[PDB]
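Just the one chain here, laid out as structure tokens, in the form deposited without the partner chain.
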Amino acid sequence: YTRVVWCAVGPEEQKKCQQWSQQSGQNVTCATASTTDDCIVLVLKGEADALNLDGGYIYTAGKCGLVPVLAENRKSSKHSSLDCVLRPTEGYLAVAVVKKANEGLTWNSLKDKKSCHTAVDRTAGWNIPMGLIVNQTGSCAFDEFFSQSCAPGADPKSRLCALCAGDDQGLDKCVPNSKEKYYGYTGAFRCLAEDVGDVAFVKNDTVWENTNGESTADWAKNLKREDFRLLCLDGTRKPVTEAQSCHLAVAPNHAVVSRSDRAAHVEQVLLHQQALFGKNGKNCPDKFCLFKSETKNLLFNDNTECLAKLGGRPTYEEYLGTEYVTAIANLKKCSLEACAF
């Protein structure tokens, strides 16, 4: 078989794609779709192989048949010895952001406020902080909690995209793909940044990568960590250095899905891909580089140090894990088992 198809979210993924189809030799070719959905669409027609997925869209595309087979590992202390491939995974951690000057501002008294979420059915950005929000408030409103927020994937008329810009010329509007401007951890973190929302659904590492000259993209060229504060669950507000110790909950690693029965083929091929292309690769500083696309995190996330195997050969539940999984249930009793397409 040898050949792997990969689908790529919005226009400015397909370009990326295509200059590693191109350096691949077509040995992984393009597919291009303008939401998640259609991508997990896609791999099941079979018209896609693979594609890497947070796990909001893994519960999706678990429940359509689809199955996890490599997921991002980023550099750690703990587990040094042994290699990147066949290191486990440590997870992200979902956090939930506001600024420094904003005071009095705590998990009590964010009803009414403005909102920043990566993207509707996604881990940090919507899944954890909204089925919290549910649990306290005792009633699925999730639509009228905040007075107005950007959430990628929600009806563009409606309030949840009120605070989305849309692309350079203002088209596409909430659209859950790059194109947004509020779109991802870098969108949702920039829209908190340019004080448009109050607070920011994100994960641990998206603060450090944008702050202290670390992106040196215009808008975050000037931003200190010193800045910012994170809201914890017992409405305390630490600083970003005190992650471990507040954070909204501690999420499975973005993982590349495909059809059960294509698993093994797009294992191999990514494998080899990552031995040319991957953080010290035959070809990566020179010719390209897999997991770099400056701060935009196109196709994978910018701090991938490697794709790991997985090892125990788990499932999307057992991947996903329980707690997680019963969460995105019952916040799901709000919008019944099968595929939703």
Contents of the next structure:
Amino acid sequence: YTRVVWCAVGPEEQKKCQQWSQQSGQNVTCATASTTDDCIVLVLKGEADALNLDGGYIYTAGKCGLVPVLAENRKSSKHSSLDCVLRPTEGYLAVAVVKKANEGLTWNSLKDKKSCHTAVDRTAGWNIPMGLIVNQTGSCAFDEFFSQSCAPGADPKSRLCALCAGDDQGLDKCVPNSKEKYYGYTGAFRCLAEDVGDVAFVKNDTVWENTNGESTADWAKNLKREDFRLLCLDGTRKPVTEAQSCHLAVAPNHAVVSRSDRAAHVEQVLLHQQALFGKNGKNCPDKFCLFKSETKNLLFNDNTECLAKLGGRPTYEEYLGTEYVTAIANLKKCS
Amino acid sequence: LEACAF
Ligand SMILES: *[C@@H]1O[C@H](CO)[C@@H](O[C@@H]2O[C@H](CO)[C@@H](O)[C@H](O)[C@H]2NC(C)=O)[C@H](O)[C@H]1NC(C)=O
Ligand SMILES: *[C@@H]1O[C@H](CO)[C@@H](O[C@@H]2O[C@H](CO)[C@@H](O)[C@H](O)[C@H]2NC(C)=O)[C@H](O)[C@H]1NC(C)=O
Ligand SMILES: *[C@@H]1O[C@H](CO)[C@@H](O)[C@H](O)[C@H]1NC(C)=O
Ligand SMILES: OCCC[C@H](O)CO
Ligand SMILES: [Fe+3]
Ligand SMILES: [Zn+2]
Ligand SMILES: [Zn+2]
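Shown: the form deposited without the partner chain; wanted: the form solved in complex with the partner chain:
Next comes the full complex, and the chain you just saw is listed first.
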């Protein structure tokens, strides 16, 4: 009775999910939607059981009564003795990244520049930087701050979508799924790399995983970390090796959500599925790897080591943290 | 300050 229906966002996640379904012996099956918000609705209607969400989308799903189930956990440091599945998660660093050759651009001179965002409503790509900006400017007019941007999920004819590129046919401009060339951590960092935008709002890991030979994808195979700088909130610029003293925020790890009535069955199936297909799973790399997708972060981030159990059966508010929830709430007063 | 957007 634990057949779990996963929700895939867009056609590339659907194909990966179908491969997972086949390998799992239909213990997992797939439903697909065009946007994360649409996948959330399938879950609320009981037509899907679950999916993995960024923290800004956990806020949306949690105000509708979905609950967190397990969290992505990446490479640690402290607490190294514990199993991954039992390790406390530590959040990721939200950063603002520019080209080093774009000299004299700082946090304080971002007005009228071009921006690259993972998607509207995501933590590092949107909630953190636009929340800071609205606050700093004393103005809700966040869609008139940058001259042009790519922020998937915005109005396709607005300046907030002017920089997005759509799929290789040129269709689906500014849609919030992987078919949009500049969607997600990797799409927004590509948007900066090709110099479509002046600044990209991503996380620290994205910079490292797509530079210095860590990616062999054509747009990234030849990028060097030294060609990039982080923008710090005190007006200074630093090397990407200094993210710990030059970030915008610490963000809560992406996590799986489901209906409260399905949480327990979803949790058990996932724990067993990752034993088979997770990082050292017994059929990965042989048959299927749940946490790989050629750096495209499909279903899970490709840097995921395991999905970890949560401490204290937290509410979505306790998971996200009171201060982040309040920042989101404040930013949403604007629109 | 609270309501499901759907
Ligand atoms: C920012 O992200 C990078 C990439 O994830 C972090 O570097 C990794 O850290 C682990 C262990 O600390 C190393 O074993 C990996 O080899 C690193 N990846 C690469 C490609 O170097 C980096 O530590 C992060 N910075 C901060 C301050 O969190
Ligand atoms: C933008 O400004 C608001 C208003 O100051 C910040 O909200 C305060 O957040 C602190 C820390 O959580 C709380 O002690 C206050 O209760 C909040 N004030 C109000 C009126 O809600 C908010 O954090 C700011 N946003 C960001 C992203 O920094
Ligand atoms: C499917 O789930 C059943 C019952 O939980 C389990 O016995 C079986 O090993 C699973 N098969 C795969 C390949 O996931
Ligand atoms: O992320 C640490 C939790 C603190 C939170 O802001 C309070 O719920
Ligand atoms: Fe995120
Ligand atoms: Zn900090
Ligand atoms: Zn609690």
